[PDB]
Amino acid sequence: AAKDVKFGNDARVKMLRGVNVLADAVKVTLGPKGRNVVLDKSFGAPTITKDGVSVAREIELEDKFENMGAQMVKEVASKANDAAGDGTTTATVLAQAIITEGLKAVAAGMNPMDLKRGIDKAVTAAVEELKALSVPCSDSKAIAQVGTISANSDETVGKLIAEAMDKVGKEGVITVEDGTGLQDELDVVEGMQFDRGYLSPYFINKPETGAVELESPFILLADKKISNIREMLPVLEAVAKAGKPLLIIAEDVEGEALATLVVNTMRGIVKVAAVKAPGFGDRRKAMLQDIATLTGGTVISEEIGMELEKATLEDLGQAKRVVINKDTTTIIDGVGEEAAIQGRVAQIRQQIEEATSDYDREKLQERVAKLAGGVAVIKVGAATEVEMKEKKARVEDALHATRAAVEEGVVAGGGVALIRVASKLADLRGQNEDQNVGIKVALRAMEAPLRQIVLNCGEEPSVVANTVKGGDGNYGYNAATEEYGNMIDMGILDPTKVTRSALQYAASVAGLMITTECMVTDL
Amino acid sequence: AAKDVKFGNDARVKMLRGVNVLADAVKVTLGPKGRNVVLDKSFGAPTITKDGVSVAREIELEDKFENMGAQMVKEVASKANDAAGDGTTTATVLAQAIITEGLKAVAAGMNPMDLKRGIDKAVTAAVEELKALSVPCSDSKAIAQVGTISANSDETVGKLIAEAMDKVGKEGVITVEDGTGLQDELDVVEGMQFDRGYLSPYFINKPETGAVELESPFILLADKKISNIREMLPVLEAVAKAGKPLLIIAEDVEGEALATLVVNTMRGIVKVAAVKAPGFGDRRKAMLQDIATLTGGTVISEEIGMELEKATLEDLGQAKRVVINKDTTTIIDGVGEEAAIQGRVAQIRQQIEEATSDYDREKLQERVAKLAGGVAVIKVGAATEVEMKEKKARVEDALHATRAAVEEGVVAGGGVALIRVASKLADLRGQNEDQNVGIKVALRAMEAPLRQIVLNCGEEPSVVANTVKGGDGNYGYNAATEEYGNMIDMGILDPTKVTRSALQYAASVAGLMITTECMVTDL
Amino acid sequence: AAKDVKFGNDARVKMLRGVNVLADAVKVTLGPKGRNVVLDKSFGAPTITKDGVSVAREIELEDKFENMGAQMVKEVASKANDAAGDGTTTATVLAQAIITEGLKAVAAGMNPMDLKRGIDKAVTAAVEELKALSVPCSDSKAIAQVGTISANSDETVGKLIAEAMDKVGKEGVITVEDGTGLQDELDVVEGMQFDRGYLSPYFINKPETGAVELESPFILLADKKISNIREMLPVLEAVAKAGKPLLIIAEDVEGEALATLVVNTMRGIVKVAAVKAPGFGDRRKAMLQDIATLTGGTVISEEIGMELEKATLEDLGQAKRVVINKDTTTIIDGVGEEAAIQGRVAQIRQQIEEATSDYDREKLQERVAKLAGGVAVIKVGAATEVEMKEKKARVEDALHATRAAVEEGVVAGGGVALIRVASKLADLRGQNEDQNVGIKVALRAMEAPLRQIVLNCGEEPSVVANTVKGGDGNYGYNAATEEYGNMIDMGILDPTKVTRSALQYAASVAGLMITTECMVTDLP
Ligand SMILES: Nc1ncnc2c1ncn2[C@@H]1O[C@H](COP(=O)(O)OP(=O)(O)O)[C@@H](O)[C@H]1O
Ligand SMILES: Nc1ncnc2c1ncn2[C@@H]1O[C@H](COP(=O)(O)OP(=O)(O)O)[C@@H](O)[C@H]1O
Ligand SMILES: Nc1ncnc2c1ncn2[C@@H]1O[C@H](COP(=O)(O)OP(=O)(O)O)[C@@H](O)[C@H]1O
Ligand SMILES: [K+]
Ligand SMILES: [K+]
Ligand SMILES: [Mg+2]
Ligand SMILES: [Mg+2]
Ligand SMILES: [Mg+2]
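Protein chains in written order, with PDB author numbering: chain K, 2 to 524; chain J, 2 to 524; chain D, 2 to 525.
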C-alpha cells in the first residue's frame, strides 16, 4: 500500500488484463490473411499494417501494471525472434493461450507449483516429437521455399538466397551490403571467416550491434602467445596518423600480456581488436599463413625470424572490412594476392591426398574451402531508399531463417506441426489432478496457431482443425488458396528451430508468470 | 484505464462517424453549381471557397478516432489526384457511399471478408464496360473541352492547351512557367524528352518535387559503360569555381563504378546526376550525338578519340534548364547549334527512306521528331501575382488531365458513365447472400455522383436519374443549363482514367475499412 | 421488478463468498474448545449462544448474490436440528467443505453432474458402513457419558439425565424448564395428574396443608355441565349411603349446585370435591375415556344417551387416594384393569404411528406417559437469565442426544468415526473418471470436522489428522486433554443417528448446489 505495490491475486489479474490487450492486437495479423491494424502517425495519414512485429512494438499501455504484462511478453517474443528469424506473433499468441487458463486455474486455488511442473512436463515431451518429425533440408529448392515464407511469400528474396547458396554452398558465409543501385546484384570476393571472436567486452562495437567491425583494417598475424607488444608500438604510431584499425589474430591471446596491453593501448580513441587464431597448434600456424596470403601479410614469430619491428604495413595483412562478435570473426575482402592463393590452395588440395589422418584430414578439407569461395555479397536494390531499408531487413531476416532451417531441418508449416504432435501426447498424465490440469492446458494452447490463422481467413476453424487432426502425415489447409493439400508439396515449410523455440519461450514465461507474487512500481 | 487502443465495432463506429463529417463537408461542393463553404481565417474576412480540394485540406477532427477516419479517406483522394488530374471529390463521394453501407452490414454481423470480395468483384466487372465506352481524343476540340471542364469551364485554359498541342502535337512534351507579364505567351525552344530518369534516389531534388531539375546544367554525353570517371575530376574541379551543374548521359550508367564514384563525388554540395542514354547500343550512340548537337557537345568515347581529359566544356553539352524524374528526362533548352541540327535532321529524314528494317524504322522515325518541336513553353499571365499563382496551378492540372484524356480517351462526364455501367451490371450475382449484398452495395454507390450533382443544383434527383437511365448512349443532364441533351456535343467530357482511377481507389479503401479490427492512438 | 442475472464463474465466486461468510461464523463454535457467539436481538439484552443453528438462522447478507449462498446452506443447519437435534454444527462444516472442494474440481472443467452422482454414491456407501460400526447402548454409564459430551463436558447434566431416564423408564417423557435455584433440580410425577384444581377452597379439609385429600373415593365422569342439582340426586343418595367420598369431574359446576355440595361438606353429610375436566375439545373426550379406563369407571355422556339420573354405583370409578391442589390434580393407583389399560395403550400407540405432526405426536406421548409411565421436569439453575438461555440450550441438546443414542447406538466421537469409515471406501469407483473424482471429493471432505475441532485448540491440524489416520480402530485425539487414546475408554461417544443424519443432509444440498450455472435476483 501507499506505493503501487500489490500482492497475490490482486497483482495477477492486472497482468492478465495487460497481456490480453496486447495479444488481441497481434493475433489478428497472424498468417497470410492478416486483417489490418491502424497505427497513429503524428503527421496524419496513419500507417496501415499487417505485420505483427510492427504492431506489437507500438503498445505502451498507460496503466503501470498492465504495461508490465505487455512488456515481459513482448520481451520474450523478441528473444525468440533473435534465436530464429520468425515467430514473434506465434510465441505471443501461444503465450496468451497458456497464460489465460493458467491464471484462472490458480485463482480457483490450484497449487501454482504443480501447474508450473505440469506445463513443463508437457512441453518437454512435445519437443521430442518434433525431433522425430523433422526432415533434412535436402536441396536448394527447399531453401527457396523457406525463404519466401519468411518474407510474406516474396519469391524474389528466395531466389537470391537460393542463388547465393548455390555459389558458396548451403553452409557458406553470406553477407548483405546496401544497394549499389536500382537492381540487385550478386558477386563473390576473397573473404575469410573463422570461428573465433573477440575475447574482451571492451572490443564491443560503437553501435549496439554486439558484433564489431573494422573498416580498412590492418591484419597482424602473430603466431605465438604474445608476451610483449611494445615492439609493435612504433608501427601503431606510424599508422596513428591514418588511424587505420588493427585486428590481432594470435596463437593465443595471452591475457596478462597482449590482451591487457591492447586494452591499455586505447582509451576508447584507438581502433584495436584481438582474437585467437582458429584451431590449435599447427592448425593456427597453417591458417595464420592462409590469412597472410589472403590478406597479403606474413606470419609473425621468432621461429620464423619475423619480429614485430620488421612488420611493415605489408607484412601485416589488410582487408577493406572485417567483422567480429563474441565468438566469431569474418574477413569480407582481404587485399590479398591472386597467384599465391591459387598455389597455396593447390598445395592444400594435394595435402588432402596424404594428410588423411582423420582430424588432420578435416583441417585440410575445410581450409581448401576457407580460401576458395571466400564470401558472397548480396546487394539489395529497390525503387527508393525506403523500400531499400525494408527489403534489406526482409532479406536479412530471411537469411537467418534459412540458416536455422538448414541447421535443424524443416517441418510442415501452417500450424499443422503443433496440432499433429498434440494428438500423440494426449495420453500423457501427471501424478495428481493439479498436474493433469497443467497437462491439459498445455495441449489446449498448441492448437491456437492453426485455429487463429484459419479464423482470419474467414472460415469455420472447428471444421478445419478436425479435418487436419483426422488426416495423417503432412496433410493440411493451405490458407493462401483455401485448398487442402500436402504442405511439403505446397511448400509451406517452417524451420524446426523457430517452432521449437517459440513453444519453449512461451511456456517459460507462462510458468514464470504463474509464480509471481508481488510488484513494486512508481505511482 | 488504457491507452486509446480499441477493437472491433467500437473502432469501426468511430471511423464511420469521422468519414461522414468529412464527406458531408466536401460533397456539397461537387459539380459546377456547388454551394458555399465558409473557410475560417485568423485575420478575418473568411475565404468562402467553392473548391472541394481547398475544403478537404482544412478538415481536421478533434476526436482522435474520428480524425483517423477522415485522414485515410483524404489521403486516398489525394493519391487519385496524383494518378489523374481530377476526381478528388468524386472519389470521396464514392468512398462515403460504399463505407456507410458496408459498415452497417458488418455491424449486422455479415462476414466481412465475403463483403469485401463482393465489392471487388463488381468493381472488377464494371471497369471492363468503362474500357469499352472510351473513345479516341480525335481532335483539338475534344482537347479544349476536356481542358475547360478540368479548369472550371475556363475557356482560356482549354484554348491555350489546344494551341500548344497544335504547335507541338499531342504526344509532344509541354511545360508551364511563371508569367512573363500581364498576358499569356506561348513559344518553342530546342528541348529534348526521353524516358530515362536518374537511377539513384540520392540525386533527388532539394524541394519535394520527386523529379529533379538542374539550371544551366552542363551535359556529359558518354558513349560507353563508364567504368572510370577519375579523369573527370579535373574538369569538375575547374567548373567547381562556378558551380554550374553537370548531368551525365551515358551509353550505360555503370553501377559499381560511375554511379558509386558520382555518389562519392557529392557530399550534398555538388550538383551531379547521371542517366542512361535512350534505347540500346547504336540507338544510344545516335541519340547521344543528337543531344551533343542539340547541346553543343560531342560524343565521348575512346573509339571516337575523345577522353574526358580531352573533353572540354564544349565537348560536354550545355543547356539552360533540364528536368529529370523517376522514369523520364527532358532538356528544356540546350545551348546547342542551329545549322548542325538542321543538317542532322535532314540526314535522319533521308535515312527514313532507307531504314526500312523495323528495329531501325522505329529508331529513325522518332529521332526526326526529337529534333523539331523540342518543347513549347506556355507563359501564364494574370493581373496579379495572386491570380498568377492560382491560375498557373489550374493550368497545370488542366495539362495533366489533357494528357490523361489522350492516353485513354474520353467518356460522357457528369456521372453519366457510371450510371450507365451500373444499369448493365444489374444482372450480376455472387455465390452466396453475403457476396450478393456486397454486389448491391457497390452498384448503389456508383450512382452517387449524378444524384449529388443535380441535388446541389436544386433539382429533383429522382426524375433526372430515371430519365438518364431511360435514355441511351451519351444522353444526359447538363447541370450548367438544366437542358437535357447529348453530352459529347456539349463538350462535357471526362478522361476515362479519372473515372476508372477514382472508382478503384474508393473500392480499395472501402474494402480496407471493412476488415480493420484495431486502433492505436495516443491519449 | 427488474431482475439481475450473472453467468458462470462470475456467479459461483459471489455465491462461494456468501457461504463462507456464514460458515466461518458457525465454525467457531465447534468442539469442546469452541467459543460463544453474541446474537443481537432488538427487543432487549443480546443473547449469547453456542448453538450452531441459532446463529446460522440469523445470518443474512446485504449483497444479493452473497445472500443466496447463506440462504441455501441455512437449510442444512436447520433441517439437521429438526431431524435429530444435536449435530447441526457438524452438518454445516461438511457442507462448506464439499462445496469448496466440489466447485474447485468444476473449475478444472469436469462435468458437474457426474460429480454430483459420485458424491451421492460415496455417501450412500458411507451411511451403510456406519451401521456396521454402531454398537448398542443400554447401560447407565454410557448414557451418562454421551450426555456429558453433548452438554459440553458438564458431568452434572449427564448424571441428571441418566437418573431421570431410569426413573421414568423408556416410555416416560422428560421435559426441561426455567428454574429459580442456583442449582439444577429434577421433578418427577407418578400416576395420572392434570392441571385443574378444586373449584372451591371450602373443600379444603387440610387448611394447614392447603390441599384436599380423599380416601378410596368414587370418581364420577360427567361429559356435561352441572347446572341443576336435579341431575345429581340419585348418585349423592347412593354415595351417602355408602359413605365413601366422591370427586366430581365435569365441564363446569354451576354455583347453585356448587354451593349445595359446600353445605353438605361443611355440615359433614358427604365428603365431596369438584374439579374441571382437563383440556378442551375432542382431546377432552379422549382423556376422559382414558382416566375412566384407569379408574374402571364409565363416562356418562349424552352422545350415548345416558343420564346422571340413571347412573349407578357400578358406573363410578375407584382409586385408593386422590389429592388436588390449587392448580393440580393427581390420581393414585386407579383400579382399572391392566389388560384393558394395555390394550388402550396399544390403540393410542397406533395413533402415534399415524401422527403426522411431531407436536401432536408429543401430546400423545404425554398421554401414554400419564397413563402408563411417569413424567419428569428438569429445572436449570443459574444466577442470571442470560445463563438460563445459555445453559438451557445445552441441556436441551443433551436431551435429544441421549434419546438418539439409546434408540440407535453410538460410535467413537471426535469425528474419528468419519475418518475410519472414509478409509474403508478407498476402493470404491464410479462409471467414469468424473465420478471417480466425485467419489474422492466426498471422502476427502469427511476429514473436515476433525480438522476444525483440533484447529480451535490452536494445535496444528494436519499433524493430528495424519497421526490419527495412522492408527486403527477407535484410536483418536482427545481435544479436552490433548492426548491420544481409545475414545470408548474416555467415553467420547456420538449417537449414530446424528452423525448419519448430518452426513446425508450435508451432501444432499452441497451436491446439488455446485451445479449452479446462473443466478437471477433483483437489483439493489
Ligand atoms: N500459404 C500459407 N498457408 C498457410 N499458412 C501459412 C502460409 N504462409 C505462411 N503461413 C504461416 O504463417 C505463420 C507466420 O505468420 P507471420 O505473420 O509471419 O507471423 P510471425 O511473424 O509471428 O511468424 C506461420 O505459421 C506460417 O506457416
Ligand atoms: N456543365 C456540366 N454539367 C454537368 N456536370 C458537369 C458540368 N461541368 C462539369 N461537370 C462535372 O463536374 C464533376 C467534377 O466536379 P468538380 O467540382 O471538378 O469536382 P472535382 O474537382 O473533384 O472533379 C465532373 O464529373 C464533371 O463531369
Ligand atoms: N472431549 C472431546 N474431545 C474430542 N472431541 C469432542 C469432545 N467432546 C465433543 N467432541 C466432538 O465435538 C463435536 C460436538 O461438539 P458440538 O459443539 O456439539 O458440535 P455439534 O453442534 O456439531 O454437535 C462432536 O463431533 C464430538 O465428537
Ligand atoms: K501477417
Ligand atoms: K466546383
Ligand atoms: Mg513470421
Ligand atoms: Mg474536378
Ligand atoms: Mg453440537
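Check each hint, because a few of them may be wrong.
[Claimed, not checked] Calculated cross-link-like contacts (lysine-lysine; reagent style BS3-like; alpha-carbon spacing at most 30 Å):
| hint | chain 1 | residue 1 | chain 2 | residue 2 |
| --- | --- | --- | --- | --- |
| 1 | K | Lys34 | J | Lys80 |
| 2 | K | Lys393 | K | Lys75 |
| 3 | K | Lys105 | J | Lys277 |
| 4 | J | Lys171 | J | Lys142 |
| 5 | J | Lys441 | K | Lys51 |
| 6 | J | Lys327 | J | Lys132 |
| 7 | J | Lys371 | K | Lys42 |
| 8 | K | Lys42 | J | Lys7 |
| 9 | K | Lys15 | D | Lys51 |
| 10 | J | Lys327 | J | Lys286 |
| 11 | J | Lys132 | J | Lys441 |
| 12 | D | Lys80 | D | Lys390 |
| 13 | J | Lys470 | J | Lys34 |
| 14 | J | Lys272 | J | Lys171 |
| 15 | K | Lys380 | J | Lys65 |
| 16 | J | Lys470 | K | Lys51 |
| 17 | K | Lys311 | K | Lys75 |
| 18 | J | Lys4 | K | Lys65 |
| 19 | J | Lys286 | K | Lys51 |
| 20 | D | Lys390 | K | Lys7 |
| 21 | K | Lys80 | K | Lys286 |
| 22 | D | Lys105 | K | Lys15 |
| 23 | J | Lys7 | D | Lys65 |
| 24 | D | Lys168 | K | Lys441 |
| 25 | K | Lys42 | J | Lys277 |
If you are wondering where the hints come from, they were derived from the structure by calculation, not from laboratory data.
Evaluated hints:
1. A hinted pair counts as satisfied when its Cα atoms are at most 30 Å apart, and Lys34 (chain K) with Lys80 (chain J) qualifies at roughly 25 Å.
2. At roughly 23 Å between alpha-carbon atoms, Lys393 (chain K) and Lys75 (chain K) fall within 30 Å of each other, so this suggested pair holds.
3. Restraint check for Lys105 (chain K) and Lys277 (chain J): the C-alpha separation of about 67 Å exceeds 30 Å, so the hint is violated.
4. Straight-line distance between C-alpha atoms of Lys171 (chain J) and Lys142 (chain J) comes to about 12 Å, which keeps the hinted pair within the 30 Å bound.
5. Pair hint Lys441 (chain J) plus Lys51 (chain K) holds up; C-alpha atoms about 28 Å apart against a cutoff of 30 Å.
6. Under the criterion of a C-alpha separation no larger than 30 Å, the hint pairing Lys327 (chain J) with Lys132 (chain J) is consistent with the structure, at around 28 Å.
7. The straight-line distance between the Cα atoms of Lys371 (chain J) and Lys42 (chain K) is roughly 46 Å, outside the 30 Å bound, and the hint therefore fails.
8. At roughly 16 Å between alpha-carbon atoms, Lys42 (chain K) and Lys7 (chain J) fall within 30 Å of each other, so this suggested pair holds.
9. With a C-alpha separation of about 43 Å, the suggested pair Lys15 (chain K) and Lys51 (chain D) falls outside the 30 Å cut-off, and the hint is violated.
10. Taken as a hint, the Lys327 (chain J) and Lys286 (chain J) pair is honoured in the structure, with Cα atoms around 22 Å apart against an allowance of 30 Å.
11. Annotation: proposed proximity of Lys132 (chain J) to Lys441 (chain J) holds, straight-line Cα distance about 22 Å (limit 30 Å).
12. With a C-alpha separation of about 22 Å, the suggested pair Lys80 (chain D) and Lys390 (chain D) falls inside the 30 Å cut-off, and the hint holds.
13. Distance check on the hinted pair: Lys470 (chain J) and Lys34 (chain J) sit about 22 Å apart at the alpha-carbon level, within 30 Å; holds.
14. Between the alpha carbons of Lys272 (chain J) and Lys171 (chain J) the distance comes to roughly 33 Å, so the proposed pair goes past 30 Å and is violated.
15. Distance restraint check for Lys380 (chain K) and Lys65 (chain J): the Cα-Cα separation of roughly 42 Å exceeds the 30 Å cut-off, and the hinted pair is therefore not satisfied.
16. For a cut-off of 30 Å, the pair hint linking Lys470 (chain J) to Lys51 (chain K) is broken: about 42 Å separates their Cα positions.
17. The suggested pairing of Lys311 (chain K) with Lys75 (chain K) is violated, with an alpha-carbon distance near 55 Å, which exceeds 30 Å.
18. With a CA separation close to 11 Å, the supplied pair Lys4 (chain J) and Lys65 (chain K) stays within the 30 Å bound.
19. Between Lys286 (chain J) and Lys51 (chain K) the alpha-carbon distance is near 48 Å, which puts this suggested pair outside the 30 Å criterion.
20. For the proposed pair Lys390 (chain D) and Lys7 (chain K), the alpha carbon gap of about 47 Å is over 30 Å, so the pair is violated.
21. The suggested pairing of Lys80 (chain K) with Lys286 (chain K) is violated, with an alpha-carbon distance near 38 Å, which exceeds 30 Å.
22. Restraint check for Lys105 (chain D) and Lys15 (chain K): the C-alpha separation of about 22 Å stays at or below 30 Å, so the hint holds.
23. Taking the CA atoms of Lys7 (chain J) and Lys65 (chain D), the gap is about 33 Å. The hint is violated against a cut of 30 Å.
24. Restraint check for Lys168 (chain D) and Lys441 (chain K): the C-alpha separation of about 67 Å exceeds 30 Å, so the hint is violated.
25. This hinted pair does not check out: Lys42 (chain K) and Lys277 (chain J) have alpha carbons roughly 38 Å apart, beyond 30 Å.
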